[PDB]
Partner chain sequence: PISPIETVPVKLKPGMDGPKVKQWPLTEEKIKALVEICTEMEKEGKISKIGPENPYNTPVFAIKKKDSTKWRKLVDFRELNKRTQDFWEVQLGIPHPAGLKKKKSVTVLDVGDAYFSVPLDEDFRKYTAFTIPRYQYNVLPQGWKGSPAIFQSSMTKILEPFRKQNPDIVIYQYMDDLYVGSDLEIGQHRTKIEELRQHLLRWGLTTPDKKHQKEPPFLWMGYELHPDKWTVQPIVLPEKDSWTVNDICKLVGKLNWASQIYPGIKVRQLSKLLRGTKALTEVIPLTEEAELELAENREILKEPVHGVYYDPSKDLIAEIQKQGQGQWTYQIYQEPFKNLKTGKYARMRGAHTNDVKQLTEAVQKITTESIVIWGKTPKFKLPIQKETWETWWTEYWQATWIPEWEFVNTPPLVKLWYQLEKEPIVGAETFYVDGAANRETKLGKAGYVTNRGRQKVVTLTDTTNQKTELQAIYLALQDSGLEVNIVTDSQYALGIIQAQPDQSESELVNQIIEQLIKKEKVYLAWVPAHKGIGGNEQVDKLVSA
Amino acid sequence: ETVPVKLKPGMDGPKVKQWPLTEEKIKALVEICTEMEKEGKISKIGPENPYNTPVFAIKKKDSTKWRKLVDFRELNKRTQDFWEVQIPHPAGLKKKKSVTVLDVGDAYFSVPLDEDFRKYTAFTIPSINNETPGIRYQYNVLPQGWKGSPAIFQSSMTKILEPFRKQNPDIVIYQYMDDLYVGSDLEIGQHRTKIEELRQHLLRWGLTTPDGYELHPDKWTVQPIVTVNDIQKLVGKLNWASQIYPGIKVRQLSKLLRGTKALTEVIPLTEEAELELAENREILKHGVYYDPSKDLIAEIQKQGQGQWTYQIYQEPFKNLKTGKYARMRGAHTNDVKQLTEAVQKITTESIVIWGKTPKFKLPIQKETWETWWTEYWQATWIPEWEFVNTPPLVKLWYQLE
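Where the form is solved without the partner chain, what structure does this chain have on its own?
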């Protein structure tokens, strides 16, 4: 029985023009869709259907095989709120040594979609070289990219993950849309095989996965701190921290390090050193509070060569996070391609940290972005974005600024 779903009250279905596509991407979309139809994942529809949603084709990682990407941003805004289902967002996830991202989207296609709602998923596939009108389809199954899919597939996913979660209590698995984020502190080799065990478990359920994507949230921000061998570790950490806090205490701890004492030797804790340790922990340890009910906003500025700066906030001037991205040496300069990668990363961070995608303000012209962005986009999701409003300067040769 299809889980009944409704649009938000007083809201109609999405109508969004389908953007023009390259012959190559079209030829891929046609072939992809022809097969989705044979499998009954989608069905042709008649002229009686007003609604439309935009579609494109991307390629993930090194894969030369095309993936279809539908833009549900409108539909998702207009869809009912599933929050009843949502399991508070894990804070520990961002702490983990390694976090891998799996695309579970294939799972959704085994679940039928409510017959009443299907009309709203309508999309148009342009023909080759626009020789004939485009063909319009809809979704008979939970589509990838629609916020309803994960909410409705929740119970089923929980069942699939249960055994592995029981078997690995120290591994955190968190889902956002079509992606499964698996964190852990395990040695990278151990972690990797844990992912592979997972992938083989999901495969037992018929759920197929593409090779994972490795993240190291450890390296996103600069971080707080934590036998004779151990006392050397501390002293080394304080000396390092000394270049930061001039008040860090050293000599008292150094006084205990004089000797031939072996690694095994256990040094006693003197009342002289403990003062330096308690005061050090004291210099170790505010910020701005994050409100789950509000929205995350991300502003991006271009710093002029390879450089881009960003801030993430809710109320202006109060920033939850600020950072910078820079173009690699030896990389061609393409501002859209670079900006596209920055947006995807900032989003990945927001997803991992607050479990939410920020609304973007992009330092670039609307036209440029909307033309190019799909070329460089590797993500299964798209955020909301807004372009700074200024007109670009148009100057002919014979004109003087």
Given for the second form:
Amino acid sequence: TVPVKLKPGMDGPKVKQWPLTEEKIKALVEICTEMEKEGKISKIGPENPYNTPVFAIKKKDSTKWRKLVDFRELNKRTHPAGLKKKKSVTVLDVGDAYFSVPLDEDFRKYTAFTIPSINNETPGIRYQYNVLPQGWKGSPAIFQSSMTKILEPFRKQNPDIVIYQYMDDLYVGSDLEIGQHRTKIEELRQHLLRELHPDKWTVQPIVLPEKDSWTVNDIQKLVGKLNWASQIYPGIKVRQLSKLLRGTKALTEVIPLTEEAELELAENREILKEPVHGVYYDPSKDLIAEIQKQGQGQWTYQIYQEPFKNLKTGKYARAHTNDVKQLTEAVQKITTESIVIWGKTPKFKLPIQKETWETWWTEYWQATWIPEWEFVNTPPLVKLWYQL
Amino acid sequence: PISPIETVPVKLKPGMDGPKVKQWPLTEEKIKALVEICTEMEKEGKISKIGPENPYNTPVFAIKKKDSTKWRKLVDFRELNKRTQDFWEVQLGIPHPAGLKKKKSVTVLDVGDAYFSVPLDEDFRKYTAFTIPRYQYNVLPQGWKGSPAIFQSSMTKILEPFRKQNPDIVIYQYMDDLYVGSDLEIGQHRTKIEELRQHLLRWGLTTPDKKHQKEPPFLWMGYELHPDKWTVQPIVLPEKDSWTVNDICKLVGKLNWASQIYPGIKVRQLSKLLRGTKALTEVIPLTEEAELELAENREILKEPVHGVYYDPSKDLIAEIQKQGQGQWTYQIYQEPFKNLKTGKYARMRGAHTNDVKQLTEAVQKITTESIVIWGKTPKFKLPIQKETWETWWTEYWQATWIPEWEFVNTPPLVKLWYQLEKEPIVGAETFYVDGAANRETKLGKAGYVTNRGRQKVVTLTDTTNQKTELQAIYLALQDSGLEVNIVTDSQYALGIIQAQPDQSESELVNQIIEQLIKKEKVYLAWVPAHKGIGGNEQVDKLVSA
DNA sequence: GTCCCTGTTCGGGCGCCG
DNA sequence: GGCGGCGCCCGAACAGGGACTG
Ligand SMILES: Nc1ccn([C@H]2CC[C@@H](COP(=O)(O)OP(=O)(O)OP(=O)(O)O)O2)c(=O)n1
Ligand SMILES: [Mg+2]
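Right, the form solved without the partner chain is done; let's see the coordinates for the form deposited with the partner chain bound.
Time for the whole complex; same chain goes first.
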């Protein structure tokens, strides 16, 4: 076993369990009976003062449930740049392997969880892990030695395929054609039993209205957008366009664009086409991912570390649509992007009330990891500025 | 008897040590009751006589029990509790009779002197010392912060094998209170009850015969369980002449307890009666709205009410109704007029808000409460048009969502009382508004300039910049006709007004909302301040002085 | 920075249960 | 007059963001 301590002066997670539907609870009881029989978990008592919330998710078109422990708090208290540039990158679950390696005895208390019961018929049944917990940021770290040993021959015989471990799964990337790629991934699966295309990921720019008839209102809107933009591209001038509004006009009045002003607008469009200046990735600082609801199932997002130094901007596009479900699919897409690009999940600023998201998000979660999030009330100007 | 189960390993906090506190003087009654209890407990192995080698003590006392002529020995273990390790509580909540399914046979058992049958960590007993005007505990004491968790977990462990080989018998387990339900005939049921009582015995837990209920109505967890109905044990409200803060706290707590089965309970005004108070003994004169709300609650309580039991095969239906002033009542039922239970939601979130927001907040409260009691989201029946909701969902820039719901037109309805326009209105007079406020002197100006050449500036005292921007918008709304375009330089006011509020803690926002409702078309637009834009420039020059 | 406004958290009353 | 659980409600303490001074 590998001894593990916590970050200094920090104490273990004490997070209350949240309600589970009957079918999640039934799956959790089935799964935890199987896991206790095999010695992976053990019943504990209330003298362990630590706790971490547990729930379950369903497999895509399968009828097997997965137990998902939310180890965000425990993780808080405990990468190749060529991966972004490959033609096909496949995500491949390997978390199961962590159930062969034992967990440091003195640390097993910090992994405790509590299964609830409908209507509080019984007190919660507490358990702790005896093997490497999936979802913990310590399991791939410890298992790195065995994984390197497992993949030495594959990596050697396939020197162009990039394999990146992130917590519970591998990211396998190649420039191969879909058929050869599928074959090699199956080779890797058979060998290991001892999809995404990031080259096509592009930057969603900031774009301005193109039109052949401008009104006082349209130009006020344009000037506001450009004003907010100059805090990112400091070469943006508004002098001429702003001159076009001198006086006190009706919002509906048509305002012909002068030559000077039309030159200002064309040069501004060009400026917006340029890359942002002075944006460097800092791997010590945390990633922020901001999201805006643009309606019609269209969402905009920005990944940055300091205000106005956006590392990435993008969109998510998708009758009986579900806002919460579209939002969780959005954060999962953004997090998968960030794990391919920076090997690090972002801290999300969600445009939703805490209670709605907390009631419903688990119904739609599909991935083994869980990112940080805060909830925010969006100033409508920002949605206005990043829209399309 | 003492349970043979293993003891829960328990430690003090690091660097801490047992309590040394003198023994308060108790009356002759408590001393007699306490000696009569302690001689028997020491005879029984539950406490042990100790001597000068124990340098610890904690005050003891006694209180009459549930209603009986029996006594409870408590220990003021506040010190030891401040010095004892942290526990993880396993009681994740309180069971509710509405989540009970109908069973043919039902019994309720109590375990006798419960804590006193569960043993205590041998290394820890020394710290539990006490004296009577000197013993130590060998069993779980009452007043120690770790006893409830250790007992609830021990009783779970004891019941585990029985459940494992009796899946057709439901055992609802509140701390030592056992509800046992089955679809067996009375005979087979009473035999399985006997098996259970013998099992609890092998593990050291007596089920006294006096505390054994065998026939309806069962008293359980505060209620009366009948074969097809459940009711609440009678709720008696205080009828004081003069009211104190503590008295209104008792009143509102009893009304909250009633609100689970009595529909339409409201506490908003009684709750307001507690805003500024500072003492549990301060007296509060009722308002007139307080009088009316309390009278209404009383007339509700004067009516015979009952809930029913869950049927997993039928649908859960939750139906919500709007009371005045951000209050909401709901009923969860399965068959039209036979409620599983009722409830209320009146939590006032946000300075400014509309009914669609509150209705959403209520829907998610009901959803989580129902996941707890049945493990199922209900089907909602809401007083809101699918078109109202779709409109809001479209024009509201935050993620919002409601589960499967159907409309019922039992009024009052949930309406957006006005809609801001997406594009500016042709021909409508165009108002450039602004406000300014001197931070030192709290003086301010607010006003507008229009395209038809109208100007206005009002002077304001004791205001702030935000207040004065809202005053400017209000000015424009008052002096305009049914269709108006407004251009402001504040994201604050724009952001309040685009939320489409229908209530506000601010009187000014209320007046603005009334004006917005009066209008037929309004268009609100934002320009960056201090930029020399349009009429913003001239109204900005106008309200600075 | 300072001020103003808004939202969340947490603790302290009481209710109910044991 | 002790303990734990859940409920409500209110206010104090704090965080965060927009607008402002010279
Ligand atoms: N005011 C109370 C009531 C109960 N309990 C705890 C102590 C054990 C359990 C007691 O439940 P009771 O119904 O009082 O039963 P008891 O102590 O076992 O006594 P009895 O023999 O009357 O059942 O809950 C407590 O700590 N404080
Ligand atoms: Mg008892």
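Take the two forms, superpose them, and find the largest set of C-alpha atoms that agree within 1.5 Å; that set is the rigid core. Positions refer to the first chain, counted from 1.
- The one residue among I297, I135, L256, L161 whose Cα position changes by 2 Å or more between the two forms, with the core held fixed by superposition, is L256.
- A movement of the C-alpha atom of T22 falling short of 2 angstroms is seen between the two forms when the two forms are aligned on their rigid core.
- Relative to the superposed rigid core, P391 undergoes a CA displacement of at least 2 Å between the two forms.
- The Cα shift for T193 between the two forms, taken after rigid core superposition, is smaller than 2 angstroms.
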